[PDB]
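*Asks:* In case you want the letters, here they are:
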Amino acid sequence: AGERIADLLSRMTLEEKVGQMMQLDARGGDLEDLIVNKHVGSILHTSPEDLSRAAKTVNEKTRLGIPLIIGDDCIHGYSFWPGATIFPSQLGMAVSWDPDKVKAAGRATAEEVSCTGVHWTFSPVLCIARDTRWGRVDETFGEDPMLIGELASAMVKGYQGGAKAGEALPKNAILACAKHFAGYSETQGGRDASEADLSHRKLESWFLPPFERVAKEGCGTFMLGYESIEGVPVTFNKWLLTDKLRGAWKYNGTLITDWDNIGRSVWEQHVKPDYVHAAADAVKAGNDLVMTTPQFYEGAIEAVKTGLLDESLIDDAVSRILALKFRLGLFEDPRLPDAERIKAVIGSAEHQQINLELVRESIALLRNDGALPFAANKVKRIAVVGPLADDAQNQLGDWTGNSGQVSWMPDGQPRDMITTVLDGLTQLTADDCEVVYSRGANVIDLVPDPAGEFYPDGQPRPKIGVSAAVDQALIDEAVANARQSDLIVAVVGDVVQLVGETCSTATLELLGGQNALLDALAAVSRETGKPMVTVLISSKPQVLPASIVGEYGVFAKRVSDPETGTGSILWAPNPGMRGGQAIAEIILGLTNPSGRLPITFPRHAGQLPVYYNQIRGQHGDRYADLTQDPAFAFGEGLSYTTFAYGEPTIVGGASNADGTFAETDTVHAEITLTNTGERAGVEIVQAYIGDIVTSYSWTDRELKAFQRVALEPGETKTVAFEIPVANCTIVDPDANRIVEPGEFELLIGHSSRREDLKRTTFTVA
Amino acid sequence: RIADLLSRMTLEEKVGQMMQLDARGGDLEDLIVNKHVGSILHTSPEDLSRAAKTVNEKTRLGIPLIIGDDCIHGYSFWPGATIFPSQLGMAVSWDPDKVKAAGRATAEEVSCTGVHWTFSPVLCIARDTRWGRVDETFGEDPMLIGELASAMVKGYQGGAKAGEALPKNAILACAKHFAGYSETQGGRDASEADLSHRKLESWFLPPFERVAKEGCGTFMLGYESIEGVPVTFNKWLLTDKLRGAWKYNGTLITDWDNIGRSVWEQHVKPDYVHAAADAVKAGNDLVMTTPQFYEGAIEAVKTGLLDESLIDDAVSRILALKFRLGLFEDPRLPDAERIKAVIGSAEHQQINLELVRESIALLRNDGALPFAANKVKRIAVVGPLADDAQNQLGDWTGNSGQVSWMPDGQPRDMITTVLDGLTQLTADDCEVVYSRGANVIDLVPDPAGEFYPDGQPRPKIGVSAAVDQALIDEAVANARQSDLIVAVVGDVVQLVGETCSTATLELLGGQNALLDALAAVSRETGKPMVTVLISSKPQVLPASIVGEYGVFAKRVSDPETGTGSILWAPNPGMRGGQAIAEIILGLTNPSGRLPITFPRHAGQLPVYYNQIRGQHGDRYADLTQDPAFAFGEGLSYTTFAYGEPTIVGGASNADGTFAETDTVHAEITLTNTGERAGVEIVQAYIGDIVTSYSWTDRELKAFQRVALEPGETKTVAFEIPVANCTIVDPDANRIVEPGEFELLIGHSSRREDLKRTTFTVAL
Ligand SMILES: OC[C@H]1O[C@@H](O)[C@H](O)[C@@H](O)[C@@H]1O
Ligand SMILES: OC[C@H]1O[C@@H](O)[C@H](O)[C@@H](O)[C@@H]1O
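The listed protein sequences correspond, in order, to chains A and B. Mapping to the authors' numbering: the first sequence position 1 is 24, numbers consecutive. Mapping to the authors' numbering: the second sequence position 671 is 697, numbers consecutive.
Please keep in mind that the hints were generated in silico from the structure rather than gathered at the bench. Please note that the accuracy of each hint is not assured.
[As the list claims (entries may be wrong)] In silico DMTMM-like pairs for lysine to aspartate or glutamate, Cα to Cα no more than 25 Å straight-line:
(1) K126(B) / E190(B)
(2) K580(A) / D494(B)
(3) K273(B) / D757(B)
(4) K580(B) / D494(A)
(5) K84(A) / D56(A)
(6) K486(B) / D644(A)
(7) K261(B) / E763(A)
[Unchecked claim] Where chain A lies over chain B, by a calculated footprint (3+ residues, C-beta under 8 Å):
(8) 217–225
(9) 484–497
(10) 523–537
(11) 630–637
[What the hints assert, rightly or not] Derived contacts from chain B toward chain A, CB cut-off under 10 Å, selection only:
(12) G158
(13) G212
(14) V255
(15) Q520
(16) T650
(17) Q651
(18) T717
(19) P756
Note that beta-carbon positions come from the ideal geometry of N, C-alpha and C, so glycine has one too.
Same shape as in the complex, but just chain A:
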């Protein structure tokens, strides 16, 4: 009850086995008294007004006063807090390739969260966007393990204020959570929790590296994934939990299952016969906290009383959980909400500035047909058209109220200052040149659920969004507006009903009348010469009409080429509260774009998979009906200037004489970059390593380094890279990551496309 050494938490001697259900984390709320009179150890989804009462109920109505560990989903900012700073999604953040600003966003988020009673965020997401059909692509940092590792490492440091494994969590910091460990992101058909046919070798190859990095850097907690991997759900997966996480990585953080993993193993996966055996196997597998599985309670108790489960294992789990709670000082200070600090830091002008500076880089200029940027004073009227041009809530995207996961913010984040594209462009960022909005099209029509208007409990079944019908009236109005304007700004994308859990998409196409809208607008632009720009605000890459990207035949033109299709192309994944202002600034030349793609755009769903790091061995390089050239490749993106690369050169680091490089050495390389245009810009220099010959089939190149490089007009910089030879690895059939002697190529340049890369070589022996 006082400061003796934490080892004497062995005074767990008082917990009845009934109370050793400190392992449960239950959905609030809100009947905290019942939930806390249940010997629960954690609660999630606690409403802002009720975070005050939790620790009060602990201190005043419980036998032992064991403080709660309180967590919630603060996914890209304090998602479900009204008025908090809502940053871009993780995918949008990854467009920036800026670890420092992602870390700043994590620090600001933790600053806002740590003064409200929440100790813990279920973030960052380390899943890898390997299948564009997956509904949660917006939550990832893209399709590359290295980039995911860099950004996730930065954001864990931002959340936890630099605290490592075993240290005091600062008052303005929160616990980070690595999810979803592991392999949740490449399942059959891109479906939500379908089967993952991911061997140990493939998991180690493309899924584990970022998890291993943040685990060895002291990420506070880990969340176990939904899906069954090779017949075994992660909750019971010994190789992932024992051999990798606790074993090879020596991870000492706390684990928690995803939403009702144990129950789903029974009723959804048909893997466990009942909740008794499911609970027993979950405890035997080394689980710590159990999220939203009530039947685990009676499941574990009976499992012990029937001799199926040794109670000492439960004692060890409670020991780990209580170790986490004592480490955070919760027994002395449960970190109650701070009204003054809530008024002072949540939504502060400083956090708004951090959000703006991040989102200014979170937008990718994919094509410039020559008309960008537009000059304000040279025009008099701009047609802002498209259902995403003034949709604030869907601009924020999934995992931000009212996205659906909670209900205490039914109107979403306050409209008072979400900056939409209409608000920013240019109804804020230029004088009285007219800015006329036209909806142009609908995205989805809401139709009654075909299985009845009510659930069996009398509650009404919500309507289902389907691809909206084409409304020719909105197209005609949008066309008239465009013809009466000097510029056409089309804003299209998806909505939350098309994103997230259980909401994978198969076609990847824009729904509703958006394709017809873009067709008509492109027709007007071609006919009259009016400049046009298509702004895509979507949770993930989308298939655009041929009028915009060109036909995808057996042979097809490079989509980013200025003469392909009609108009310019900008991508802004889910740019947060300040996204419209940054989009406006880029369109008007106030801000130079500096985003690059962290994920590949497919031309068609049948092109999948389209990630840049393909495995060698294919016979041919085309489908008989579709080019294998993606619409936009990993690393693509443009500025408002031009850059010239010199040739890359190895400058040192090799210790053999020779040789030339040994496994413990580090490759030092240099390449010149020159701003050959008329305005300053930022080029994201990308460094890829390719193992020319491998004993086991592998990809031909992998991202290993990158740098955001700023250049004034005419300025040249020497970009220098340090790549450890220990990072130039492949994986063997037994999932061992090894450095293999032989020849390696180093490709440095503009994108993952080999035509955008300059090449040198080095040898490892």
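Since chain A is already given, all that's left is putting chain B with the ligands on it; use the hints.
*Replies:* Just chain B with the ligands, lined up with the frame of chain A:
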């Protein structure tokens, strides 16, 4: 000769023991046989005579050649041979006896020409419809593939279980492509296969194990790299499974230049010396079309990298095969009289007709089928596939491209197109007017360059043809002047096979616009319409035919969905137009069922019926997960009523539960409730209710073609061994797990078409 096991003889010179090579023939046999090859493939008909002559007259030791070639669905590249439907079309029939008859006839035609060996049947499983080689498979189900492949191996080898006395009218069978070649990344040709041991055992190995233990003559190792290891060097597949657990005693051969591809294409081996050494160490026998193996293996021995005794053991296995076939006494020279007697004989044509009559699936009947003959007076036969004989035959049939000695393809006089099937109607002059309607592809030169492959020209690449509104207008006028509209669409050989996977699965060219206009005419005038799909694999059809897709969509087989009736004939062979015509006119009742699932969109993949449990939700936010047509679907011209299935015995435990060694006996009644006789393919699926490791919810385990006269009822009886009700554990062990099982018997894989009972397994 009189000796028994003294004959295999290392007088070879010093490595003439490169009997392990199998090189591409055409047309320099003397060099090839003096390269001391042990086998040749792609030998032209005129040259099959000269091979064994060159062996007997110009070689030092006179080791006879083992001669093989691709006889994929009939004697593919022999002019005038009986060309049966593709393996996928054959699988539409669900008729193992007729598939075996086709293999027996094929072997009869091949075994009199000098070829001893066919690279057939294909045991790959169509797990991704994007794959270019789906036409060569028996569908998407391991059990059906095992049944049909077993039957066709028995047909090829004349029942010889190897054995092996190979009869004079039989040829060696080849199980290909072992294994996992059919589910690679993106459905592309030999891209990476992320197939663990457990997944391989689960969905890919069963048919290979079956034909291996039944004595399939040879095995062919697949192109692709499995989990980083190409099959040519895959110890678990070759040693642990094939040679070890299965105790297989047949002969192995790599696919086309596997060893070289490991060097220049997969970048897995540093040079041909190490590639050859690793291939020999892995237990390979014959090496297909890798010349650099020669100097590659010799050097590997001379540098001590490869033990020569391993080569001696490989040569021992090959020569054991050659002695067992009696090639040292009779090399099986071509027989001009037997060629004149059996190749293309009327008996084989009849077998082909009886098979193809069942190889056609009636997928939707809007009510107008079958059409009555004497009541129609003009029919518009429209579509680019309505009279395309060569593309109706499909891939792996000259002129498909793999050989060059038949540049004009199989003789047109022997191919009945759908247009040709105007012989039946009505019968002499109700007019049958053909309209091309649309083009499929335009031929463009290969970028970049037409050589060096090497001096020979590189074939043109097909691109999606432009919509031709003039042909659409002509077809529309023809349709408006007719009593019936028969639209025949599909793909062509340039869109199927090796290096020719497809991503969109849609018809190319103006076929979609053509079908739209024809459907508009049919709706406007009430003229009946039928869409005949002649394509190598399932295709995505326009919304005018299958209905609009979306979050919710109508059942495509429902009579009121879309416009017109829908027939599928994958690649129906020489008698395909006659069978399609007979079915359209009611002369033959359709009895085909789908061996593969039709997706509505490529983004729906995978769509095979045996999905793994665990998904959160059951729809994409923009597309239903209901496929266009499910595995086992198909209709007849009558109706059937099912009773409830019942377990009737077989349990040996002393509490009524079933034991692992038992066999489940079940019965269900089937009644022809219509006005004409028909054949219903009764399907029996097993579902393990609870499994220790995630599994599918149902698997096909039995099926029977049941014939019924009007009003007739039969008791269909099934015997399903409990040893077949298995799952696979993390260590790739196929095990029977005690617990509750459901038995679903009925019309298709859709649970709404299945009736359900249960049984329990214990101990
Ligand atoms: O709400 C907490 C959890 O809910 C689940 O539905 C999601 O899969 C997790 O990403 C999330 O952390
Ligand atoms: O023609 C011989 C071989 O050629 C290869 O390209 C195919 O993959 C094999 O199926 C065939 O047996």
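*Asks:* Indicate, hint by hint, whether the structure satisfies it.
*Replies:* Hints and how they fare:
1. The straight-line distance between the Cα atoms of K126(B) and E190(B) is roughly 19 Å, inside the 25 Å bound, and the hint therefore holds.
2. Proximity of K580(A) to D494(B) is assessed by CA-CA distance (about 23 Å); at most 25 Å being required, the pair is judged to hold.
3. Among the hinted pairs, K273(B) with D757(B) is consistent with the structure: their alpha-carbon atoms are about 20 Å apart, no more than 25 Å.
4. The straight-line distance between the Cα atoms of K580(B) and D494(A) is roughly 23 Å, inside the 25 Å bound, and the hint therefore holds.
5. For the hint linking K84(A) to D56(A), the alpha-carbon distance of about 8 Å falls within 25 Å, and the restraint holds.
6. For the proposed pair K486(B) and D644(A), the alpha carbon gap of about 16 Å is at most 25 Å, so the pair holds.
7. Restraint check: the Cα-Cα separation between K261(B) and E763(A) comes to about 21 Å, which is no more than 25 Å; the hinted pair holds.
8. Look at the segment 217–225 of chain B against chain A: 7 of its residues bring a Cβ nearer than 8 Å to a Cβ of that chain, three or more, so the hint holds.
9. Check on the segment 484–497 of chain B: 4 of its residues sit with their Cβ under 8 Å from a Cβ of chain A, so the three-residue criterion for coverage holds.
10. Counting residues of the segment 523–537 of chain B whose beta carbon lies closer than 8 Å to any beta carbon of chain A gives 10, which meets the minimum of three for the stated coverage.
11. Coverage of the segment 630–637 of chain B by chain A holds. Counting CB-CB distances below 8 Å, 4 residues qualify, and the rule asks for three or more.
12. Among the interface hints, the one on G158(B) holds; its C-beta lies about 7 Å from the nearest C-beta in chain A, closer than the 10 Å criterion.
13. Restraint check, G212(B) versus chain A: the minimum CB separation of about 6 Å is within 10 Å; hint holds.
14. With a least beta-carbon distance of about 6 Å to chain A, the hint placing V255(B) at the interface is held under the 10 Å criterion.
15. At about 7 Å, the closest approach between the beta carbon of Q520(B) and any beta carbon in chain A falls short of 10 Å, and the interface hint on this residue holds.
16. Of the supplied interface hints, the one on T650(B) holds, with its beta-carbon coming within about 9 Å of a beta-carbon of chain A, less than 10 Å.
17. For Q651(B), the suggested interface contact is upheld, since its CB lies about 8 Å from the closest CB of chain A, less than 10 Å.
18. Annotation: interface hint on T717(B) holds; nearest CB of chain A at approximately 6 Å, less than 10 Å.
19. Nearest Cβ of chain A to the Cβ of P756(B): about 6 Å, under the 10 Å cut. The hint holds.
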